Structure formats: structure tokens, C-alpha cells
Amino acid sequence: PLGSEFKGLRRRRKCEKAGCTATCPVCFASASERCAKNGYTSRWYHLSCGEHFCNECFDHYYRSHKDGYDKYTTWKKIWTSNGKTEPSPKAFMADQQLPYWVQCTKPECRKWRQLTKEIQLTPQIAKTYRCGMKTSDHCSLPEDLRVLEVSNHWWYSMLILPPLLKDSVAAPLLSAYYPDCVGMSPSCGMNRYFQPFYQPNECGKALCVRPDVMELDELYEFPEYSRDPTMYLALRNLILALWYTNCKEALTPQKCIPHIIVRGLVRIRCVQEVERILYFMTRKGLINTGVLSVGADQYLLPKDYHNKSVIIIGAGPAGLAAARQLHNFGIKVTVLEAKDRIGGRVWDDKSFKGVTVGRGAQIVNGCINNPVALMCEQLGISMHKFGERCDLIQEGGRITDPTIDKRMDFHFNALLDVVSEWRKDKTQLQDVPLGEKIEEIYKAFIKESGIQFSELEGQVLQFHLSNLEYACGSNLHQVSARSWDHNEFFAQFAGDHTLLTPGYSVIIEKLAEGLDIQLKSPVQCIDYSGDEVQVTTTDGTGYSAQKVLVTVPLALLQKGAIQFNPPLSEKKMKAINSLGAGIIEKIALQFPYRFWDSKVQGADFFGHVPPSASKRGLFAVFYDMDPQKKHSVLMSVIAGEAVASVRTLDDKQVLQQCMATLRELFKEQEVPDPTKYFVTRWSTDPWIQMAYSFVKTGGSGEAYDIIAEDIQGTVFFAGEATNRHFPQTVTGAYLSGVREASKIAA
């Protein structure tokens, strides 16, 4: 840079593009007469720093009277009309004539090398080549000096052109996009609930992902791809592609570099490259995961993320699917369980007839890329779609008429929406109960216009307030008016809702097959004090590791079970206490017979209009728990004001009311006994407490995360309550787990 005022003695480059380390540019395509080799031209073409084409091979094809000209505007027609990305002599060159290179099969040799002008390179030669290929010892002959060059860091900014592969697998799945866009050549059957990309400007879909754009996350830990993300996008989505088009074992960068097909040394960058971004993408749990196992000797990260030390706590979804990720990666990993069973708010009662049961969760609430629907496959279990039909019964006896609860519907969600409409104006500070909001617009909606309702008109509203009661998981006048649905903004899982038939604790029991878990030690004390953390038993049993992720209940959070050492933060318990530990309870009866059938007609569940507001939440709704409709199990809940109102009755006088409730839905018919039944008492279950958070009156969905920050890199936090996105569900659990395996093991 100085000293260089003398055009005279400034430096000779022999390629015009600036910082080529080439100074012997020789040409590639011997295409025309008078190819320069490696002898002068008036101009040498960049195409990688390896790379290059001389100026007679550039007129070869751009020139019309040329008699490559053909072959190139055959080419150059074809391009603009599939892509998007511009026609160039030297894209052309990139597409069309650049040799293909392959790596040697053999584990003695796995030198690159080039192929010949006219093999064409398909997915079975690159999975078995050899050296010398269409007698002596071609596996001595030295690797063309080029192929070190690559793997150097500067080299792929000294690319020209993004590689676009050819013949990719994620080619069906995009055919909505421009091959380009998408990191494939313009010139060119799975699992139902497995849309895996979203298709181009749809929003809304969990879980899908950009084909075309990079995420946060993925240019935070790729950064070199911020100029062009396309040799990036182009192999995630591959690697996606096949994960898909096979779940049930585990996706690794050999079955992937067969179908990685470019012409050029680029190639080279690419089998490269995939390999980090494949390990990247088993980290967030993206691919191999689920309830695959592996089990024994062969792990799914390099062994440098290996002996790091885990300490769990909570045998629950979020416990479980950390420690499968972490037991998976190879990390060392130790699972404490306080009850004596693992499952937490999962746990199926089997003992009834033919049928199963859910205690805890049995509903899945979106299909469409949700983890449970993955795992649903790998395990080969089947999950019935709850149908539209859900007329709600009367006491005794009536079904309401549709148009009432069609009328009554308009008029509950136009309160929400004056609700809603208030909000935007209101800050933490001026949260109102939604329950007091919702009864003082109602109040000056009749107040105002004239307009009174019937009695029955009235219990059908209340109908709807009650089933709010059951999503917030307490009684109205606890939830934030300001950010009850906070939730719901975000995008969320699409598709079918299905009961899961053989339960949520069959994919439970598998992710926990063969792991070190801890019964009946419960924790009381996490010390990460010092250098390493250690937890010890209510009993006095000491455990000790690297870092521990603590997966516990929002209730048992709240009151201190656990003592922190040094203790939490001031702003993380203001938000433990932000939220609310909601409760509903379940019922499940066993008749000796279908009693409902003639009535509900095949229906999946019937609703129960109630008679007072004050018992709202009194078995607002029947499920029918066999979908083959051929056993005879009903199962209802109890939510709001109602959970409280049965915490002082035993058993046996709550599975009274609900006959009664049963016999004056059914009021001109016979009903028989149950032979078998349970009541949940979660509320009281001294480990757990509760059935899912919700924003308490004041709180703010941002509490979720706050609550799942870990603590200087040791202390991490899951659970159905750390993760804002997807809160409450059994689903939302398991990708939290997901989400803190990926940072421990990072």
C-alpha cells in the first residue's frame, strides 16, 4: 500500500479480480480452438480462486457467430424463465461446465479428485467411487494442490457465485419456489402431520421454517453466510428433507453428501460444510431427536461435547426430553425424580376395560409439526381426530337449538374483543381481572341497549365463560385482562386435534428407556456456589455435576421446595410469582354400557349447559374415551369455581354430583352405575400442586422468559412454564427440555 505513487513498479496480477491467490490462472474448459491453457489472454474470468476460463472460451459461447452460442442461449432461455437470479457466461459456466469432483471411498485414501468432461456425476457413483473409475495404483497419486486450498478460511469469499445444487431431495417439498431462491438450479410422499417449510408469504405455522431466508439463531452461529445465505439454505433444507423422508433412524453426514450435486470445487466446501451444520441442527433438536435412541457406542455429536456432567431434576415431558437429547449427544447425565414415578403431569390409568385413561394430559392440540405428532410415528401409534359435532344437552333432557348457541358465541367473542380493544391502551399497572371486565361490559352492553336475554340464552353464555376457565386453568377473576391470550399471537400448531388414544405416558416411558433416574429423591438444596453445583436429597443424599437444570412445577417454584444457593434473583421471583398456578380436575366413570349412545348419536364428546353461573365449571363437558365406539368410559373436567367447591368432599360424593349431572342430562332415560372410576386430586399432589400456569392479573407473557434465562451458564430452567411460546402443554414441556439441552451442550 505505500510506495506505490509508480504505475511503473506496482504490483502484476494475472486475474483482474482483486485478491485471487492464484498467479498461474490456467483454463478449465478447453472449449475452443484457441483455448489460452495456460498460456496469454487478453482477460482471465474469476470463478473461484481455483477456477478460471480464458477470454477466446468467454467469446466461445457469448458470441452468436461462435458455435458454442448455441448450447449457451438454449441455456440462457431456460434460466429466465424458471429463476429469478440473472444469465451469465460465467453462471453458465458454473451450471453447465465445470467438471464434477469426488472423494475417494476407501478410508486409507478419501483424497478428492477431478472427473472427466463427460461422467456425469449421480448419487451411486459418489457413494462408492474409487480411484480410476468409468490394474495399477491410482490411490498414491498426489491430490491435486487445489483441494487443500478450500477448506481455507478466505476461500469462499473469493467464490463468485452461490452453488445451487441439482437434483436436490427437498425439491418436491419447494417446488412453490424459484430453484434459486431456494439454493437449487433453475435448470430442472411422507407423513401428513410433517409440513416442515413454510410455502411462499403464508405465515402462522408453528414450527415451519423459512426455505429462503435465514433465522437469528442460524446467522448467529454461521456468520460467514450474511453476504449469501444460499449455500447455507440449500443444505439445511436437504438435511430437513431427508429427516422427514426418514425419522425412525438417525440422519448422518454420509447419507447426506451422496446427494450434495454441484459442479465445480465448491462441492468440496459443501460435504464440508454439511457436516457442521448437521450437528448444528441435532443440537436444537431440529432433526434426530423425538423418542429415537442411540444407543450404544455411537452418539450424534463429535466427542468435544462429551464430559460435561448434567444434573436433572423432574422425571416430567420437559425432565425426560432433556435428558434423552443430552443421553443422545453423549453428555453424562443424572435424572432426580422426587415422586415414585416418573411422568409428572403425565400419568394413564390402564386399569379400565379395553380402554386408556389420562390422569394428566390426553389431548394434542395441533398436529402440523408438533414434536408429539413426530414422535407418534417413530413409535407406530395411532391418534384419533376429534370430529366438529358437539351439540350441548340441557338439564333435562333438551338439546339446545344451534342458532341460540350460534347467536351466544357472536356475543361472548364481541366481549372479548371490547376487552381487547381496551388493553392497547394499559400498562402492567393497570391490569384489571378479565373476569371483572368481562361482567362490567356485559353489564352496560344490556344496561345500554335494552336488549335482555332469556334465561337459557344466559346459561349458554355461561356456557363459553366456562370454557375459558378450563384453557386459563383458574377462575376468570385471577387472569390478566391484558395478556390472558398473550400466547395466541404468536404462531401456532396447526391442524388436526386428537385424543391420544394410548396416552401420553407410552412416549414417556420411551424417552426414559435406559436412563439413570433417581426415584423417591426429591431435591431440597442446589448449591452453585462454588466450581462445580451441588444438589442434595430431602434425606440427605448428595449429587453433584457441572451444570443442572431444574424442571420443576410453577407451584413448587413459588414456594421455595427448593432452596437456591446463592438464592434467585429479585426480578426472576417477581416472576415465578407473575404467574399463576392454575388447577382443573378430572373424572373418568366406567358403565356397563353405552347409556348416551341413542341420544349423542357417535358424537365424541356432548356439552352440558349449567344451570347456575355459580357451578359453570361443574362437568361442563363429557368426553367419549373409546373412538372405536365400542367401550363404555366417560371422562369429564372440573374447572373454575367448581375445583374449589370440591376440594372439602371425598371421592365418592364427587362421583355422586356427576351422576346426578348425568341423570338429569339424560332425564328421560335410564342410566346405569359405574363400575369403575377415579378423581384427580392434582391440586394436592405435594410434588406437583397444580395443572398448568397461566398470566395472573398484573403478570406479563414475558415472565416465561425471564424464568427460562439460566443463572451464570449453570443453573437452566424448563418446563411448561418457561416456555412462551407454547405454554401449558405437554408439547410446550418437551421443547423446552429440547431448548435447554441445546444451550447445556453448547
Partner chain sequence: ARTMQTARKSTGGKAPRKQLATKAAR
Contents of the next structure:
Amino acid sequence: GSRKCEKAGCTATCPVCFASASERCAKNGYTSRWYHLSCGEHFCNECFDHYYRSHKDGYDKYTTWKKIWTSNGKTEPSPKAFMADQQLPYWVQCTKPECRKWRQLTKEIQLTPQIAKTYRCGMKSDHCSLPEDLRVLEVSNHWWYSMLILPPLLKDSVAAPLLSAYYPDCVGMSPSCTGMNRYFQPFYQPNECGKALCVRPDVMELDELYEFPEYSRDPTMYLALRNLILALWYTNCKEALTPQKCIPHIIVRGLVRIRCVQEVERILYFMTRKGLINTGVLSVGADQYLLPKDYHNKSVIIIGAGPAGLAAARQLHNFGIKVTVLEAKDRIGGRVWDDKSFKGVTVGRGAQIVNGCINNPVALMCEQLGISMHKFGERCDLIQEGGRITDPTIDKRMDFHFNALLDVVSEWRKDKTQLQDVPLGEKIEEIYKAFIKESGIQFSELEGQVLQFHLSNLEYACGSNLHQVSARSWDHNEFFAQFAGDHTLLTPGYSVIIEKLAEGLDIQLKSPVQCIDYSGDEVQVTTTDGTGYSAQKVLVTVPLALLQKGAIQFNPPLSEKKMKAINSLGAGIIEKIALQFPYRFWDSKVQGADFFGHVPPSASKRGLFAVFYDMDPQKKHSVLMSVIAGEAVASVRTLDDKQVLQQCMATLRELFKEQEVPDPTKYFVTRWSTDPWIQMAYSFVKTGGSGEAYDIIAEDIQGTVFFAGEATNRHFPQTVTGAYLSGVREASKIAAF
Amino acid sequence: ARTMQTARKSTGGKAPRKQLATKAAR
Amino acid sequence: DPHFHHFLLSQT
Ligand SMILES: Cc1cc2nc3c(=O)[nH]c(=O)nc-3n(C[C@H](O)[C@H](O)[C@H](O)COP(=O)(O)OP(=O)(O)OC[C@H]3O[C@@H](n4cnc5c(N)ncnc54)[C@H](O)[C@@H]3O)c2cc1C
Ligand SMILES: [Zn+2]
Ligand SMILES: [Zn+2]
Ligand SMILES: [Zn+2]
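Shown: the form deposited without the partner chain; wanted: the form solved in complex with the partner chain:
The next block holds the full complex; its first chain is the one shown before.
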């Protein structure tokens, strides 16, 4: 026999058998062949044969395992795999602060999270004083992993139950193993259509390969640790996820467990910086910062305290980075602004709906806050002035035609460039006329009016009359995976999330920024009253309209490229009206539906209260909300609030013609259009424009000036979610520096 | 954008649906 | 396939 190892380049000058399974085990002596698992782990040819040979006592145990490993995995069941999976002793790190030595557990002991959580040397003299096995240090040599035969496979991963559709060994888990918020679906399932904020359990994302190139050859270990980390975060999103919390949940045999534990911290911090975990409204204070002291030296001025500014500020603050927020208005929130004065209900003057809760940051934050959302039902009757609910067949007939018009638009645009763009509204019109011409079919006036409702609904979505919006690019964002699942009413209002994000941050109100100078060593920021601020980096999150107006003086000036992109998007607008009543007059006719539609008498009036929203899902209080979109936004600019209220009440008395309607006892009418520091509702792509505009606006300048806000998120434009995510995005970029 | 719609969502004009076909799948 | 990528992990 020999004392040398098979593996070329192995530094084991004295192989010893860890298995001792054969009554003939060679121990530290001679054997025909030493089989290598790592630089510190070998088993002799006798113990090899003990399992591998049919006439040996350990053959049963190896064939049974070989069967489970077949009905469960995609990797070949080799004896070395069996060894690493079944016989290799566990290692656990002493938890005594001043020791922290790694210890080998005896071969019969099965390591559990509870054992790892509290382990100290000797747990069955000063056991902590016994020297650490010399093999432990070796593990932190980069070549150590390179001479590992097989990649680690985790046991009982917290991620396991979420991945039952994959081969465990394809996602870093062991084939021989084995009440979450329904909105948490972090992992793509096999054969799934795209959905927002999902990762593949079996493939590294582009940014991941960028940060951890050493895993491009074999991503097994990374995926297992990343998947575990996400599972743990979503299992409990109310606490910071730390390495200490993860380590006990890393269960794998062998010295490799030490390498896994050493990697988890790197991956944790990357996940945190990028905003995948330890995020949302989670708050962390002095001596709880989520990123190492290495990121802390730096400073930032954030301009704007809406969802985007507050997202970035929350992230950076939690990171340990010095942040100051400058807000123009006497309040935070921006286009989030809730009226809490209504009886028993919260009514948003701005945003209040969550579009697609699955994996939505907003859904996460509701979880963290213990907030419940109301899922909208599907029903939305199209009610005519005055009284008549639209015939179901007429309804279906015109829905079909409306969407058929969209199909042909999407067909027309395929070969058109930005230089040939035409307005969506004009395109739809032409296609419609040319269809009635082609086919002698003729629609009634009502059928035409129902079509107008649908058109109005497009205008609400874009915040613009359709003759302004791009036929080519109106729905550009759907090129990317969107947020799936329920649309909900955020009944408590977005303001609760806003408050929570801002709590304890350094925020200066009534401080409108007028000048940003990034020509010197650090950014000089000056307010409209001449007050000076300075920091290493600046993030601007002001609304698109304000960038278009040029209310902030940039030195040096924004690029011509940026200006073209800024002007190629539209500062979309809608206004809201809310009305309180003495009683729920609509219950008889509406029958519990979350909303009801209003068939337009004419094309010109189509955006005047097209949809009415019942603002109490408990059906107890009497508040209606409606919207003003498209052409009707203009028609209302010279009308005072009372006049708008009069037209809304006139509309309601028409919609409910065959009954009486009580007078409203309290109401508001929004004027976002003329709020000086906002001047809009949400962005859209103007004719001639491209989705790429969102990317161009998003582009930092010289890693010194950064941009966020709903109009900088190409994937998720318009929304609080999108604005929030753009802030997380920029916080990651800024923290990397 | 279409994604802003809750009540009475439009459906026409959508690009074909893509479906992840990974090998890691049992 | 750009469609599916995680938004926060494709910022290159
Ligand atoms: C009526 C209405 C309905 C909406 N409906 C929904 C909805 O149902 N669901 C949804 O998701 N979204 C909705 N939105 C859109 C959503 O509110 C916005 O997309 C989101 O608020 C935009 O985020 P933001 O951070 O980018 O910008 P903002 O919210 O716009 O905030 C920007 C901040 O910048 C500040 N600012 C501007 N200029 C300066 C300056 N010079 N100096 C300092 N500060 C400045 C502003 O005061 C503001 O505080 C709605 C919006 C409105 C108005
Ligand atoms: Zn042996
Ligand atoms: Zn060896
Ligand atoms: Zn110890």
C-alpha cells in the first residue's frame, strides 16, 4: 500500500481515513489507494470497497442511498458523492466569542441548526484551549476549493419547500433529504411566464456573475447560499438577516461547511446592497448598520422625499451611509398624499392602488407593517346616463372590437421607427373607420359610446389624451416581466409606508433645490433661499415635469442626449375627486362591486368620471372616488372645486336616474396639475418616444449625480412601486462606490 | 402604460408569451 | 432572454 494521495497537487502529507467503516480500515497507515474528497479529507481503499463491493457489509447502505439519489436527483451516485453526503463528519464553529475555533464532531453526531446555534468546544479542562485542527486554516486558501472533488449540497434548506419542482442537486441541495405570505414568490417555477422580481434558483443573474466570477464554472455553492438567504428573508422579513442567523441553517458534511460559512457573509452583503433582502420598511440603527464599515465613509444629498427619494434614503441610511434629504414642500410623500379626515376611511389624493402584489415591494412592506390590502373583484358594470346597465352582449361585443383594434396597432408598429411614430389615438381611429368601411357592419350610438369608455380607460392609464401617446411605445414596459397577481386597494393608504420609510431620517422640508454644481471636488447644492449644502454625491428624484421645466440649474448642464430623453416622455396627468355621503345610495344597483363604469355621452366628455370607486371594502361607509382623465383634465382647469363637484353630482344623478341621490357632505378635488413642485400624475411615452428614454434619464453622471423616480424606471414606470425600486437601484449604485 | 389599469383592463396588442424551459426541472 | 431577468440583478 501507499501513504500518498491519488489527487495531483494535494498537499495532504499524511492522509487518514475519516470513514472507518470497514473492519479493515487502514486508518493512518498503508492502503492500496487513498481516495480524495478534499485536501483534508480522504478514505482508504478498504472503506471504499466496504460500500462499493457487493460482497461487503456496507453495500446495502450504498445501494439504498443510490436508489433515493435516483428517484430524486440528476447527478451520478458515486461512492465519493455517497461519502460527502452520508459519511463525512460534520464541523461546527465554537460560539464562545473569544474562541471561535472550528471543531470536528464525532462520526455518529448529526449536526442540527440548534446544535450549531449554541455550540461550544467540548459539548458532548479548557476545551477551548485545545489547538484548532490545522486543516481548518487550509480551507481559506483559494486553491482549497479548486481541489474539492464535488460541490457542497445543503441539507434541509429553508428554500427546499419552495423548490420541490427542481432536482435538488441542480439548486445546490441534497437529493437524499425530506405559512408564507402568498405574495412572496422569489423563485421562478419551471415553465413559468415571466414575472417581476423573480430569480432562477438554478442560474446566476448577470450582476451575480459580475460580482462573483469565480462561480461561472460551478455556481452550485453560490445558488444554495443565495437561495437559502432569500428563503430566510421571506420567512421573516421583520428582522435584519445576519450571518449569525444564516449559519445555523447551513447544514452540510465536511470541511466544505467551513467554506460555505465563510461565503455566506459575502453573498449576504451583496444581496443587501442590491436591495433583495434587509429592505422595505425595516429600520436599523447605530451599531446595526447592514453593510460593513467599508461602505460608510461617503455622503449623499437626496433631492425629493417621495417614494423614490425615501427609498434611497432608507436604504443608504440602513447601510450606514450619511444621508440628507431636501424636500421642496412642507410635507413628505410627493404624489403620495392621503386624506385621513373622512369618516372611518383613508382616501388617497394621489396613489392608493397596488398593481400586481406578487413579489411587489409594497406587499412586502405591508407584511412588515401588519397591514391588510383589499383585492379588487373583477366586476365593473358599464352604466349609461341615465340608469341603464349595459347589455352583457353589447359589452362583450365592443370589448372584443376595442382589443382587436389594439392587436392591429401592435401589428402596424412592427416595422415602424421612432421617426415614423403616430399617436395611438389617431391610429386606433383610422383603423376603426377603415374597418367600418371594409366590412359594412355599423355600430349603434351606444356601441360607439362603449368603445369610448375603453378609450377613456387607456387615457386614464397613460395620464394623457390618446392623441399625445405613442402608438409604437405606449406599452413599452411590457417587454419586461411585470408584477403578477392581485391588484389591491391599499386601504390604510400609501402614507403609512411613507411615514415609516422617513422615520428618523435627516429630512429638510421647505427646501426647494435650485442649483446643483458638480464641477468641483464635491457637489454644491443651493436652495431657492440661498442655503448651501454639500456632499460627495447627489441623487435627484424630482418629477419628470420639473426636469422638463428646468427648475434645477445643473452645472455642468445635463447632456443634450438626456434632455432629448427627458422631453420625449410626457408628464401625464389625472385628477381625483372624493365624495362623502350620508348613506350608501348605490348598494341596490351596484351590489357590492368595487367599482362601476360610466358610459360617455360623447368622445369629448369620455374622461370625465369614467370609473367610480367604492372606498370602503367593508361596505359600511359611504365614500366614492372618481378620476378625471384625457381631454376632461383640460376642461376642468378653469373650474373651481365646487363646479367640479357639481358636474360629478350631475353625473351620479344621471347614472342613478331612477332613484334619488343624497347630497355629499364632504369632498375634495385634486389639483396636481398646478402643484408647483409636482405638476403631474405619472409619466408616459409621447409620440416619437422610446422606452429607452427611461434608461437614459436613469443614467448617472460621472458616478456623481444620480437619478431616480417613476420616470426613470423603464421596467416599472408610473407607480409607487416603480419609484420605490428606482431608489433602491440608485442606493445600490451609490453604495458600491 | 397598460399596467396602470385595474378596472376593465385592456388585453389586446400583447406580444407572445414566453415560457421558461429550464433543465433543472424534474 | 432580457424579459425574465430580475430587475435589481441586471443593472450590470
Ligand atoms: C392622482 C394620482 C393617482 C395615482 N395613482 C397611482 C396609483 O394608483 N398607484 C400607483 O402606484 N401610483 C399612482 N400614482 C403615481 C405615484 O404616486 C407616483 O408614481 C410616485 O409617487 C412617484 O414617485 P416619486 O418618488 O418619483 O416622485 P414624487 O412622488 O413625485 O415625489 C417627488 C418629490 O420631489 C419633490 N421635489 C420636486 N422638486 C423638488 C425640488 N426642487 N427640491 C426638492 N424637492 C423637490 C416633490 O416635492 C416630491 O416631494 C398616482 C399619482 C397621482 C398624482
Ligand atoms: Zn477506512
Ligand atoms: Zn488528497
Ligand atoms: Zn471554544
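If you superpose the two forms and keep the largest set of C-alpha atoms that fall within 1.5 Å, you have the rigid core. Positions refer to the first chain, counted from 1.
With the core held fixed by superposition, the comparison between these two forms singles out 72 as the only member of 280, 225, 299, 72 whose CA moves by at least 2 angstroms. Residue 58 is among the residues whose C-alpha shifts by 2 Å or more between these two forms once the rigid core is aligned.
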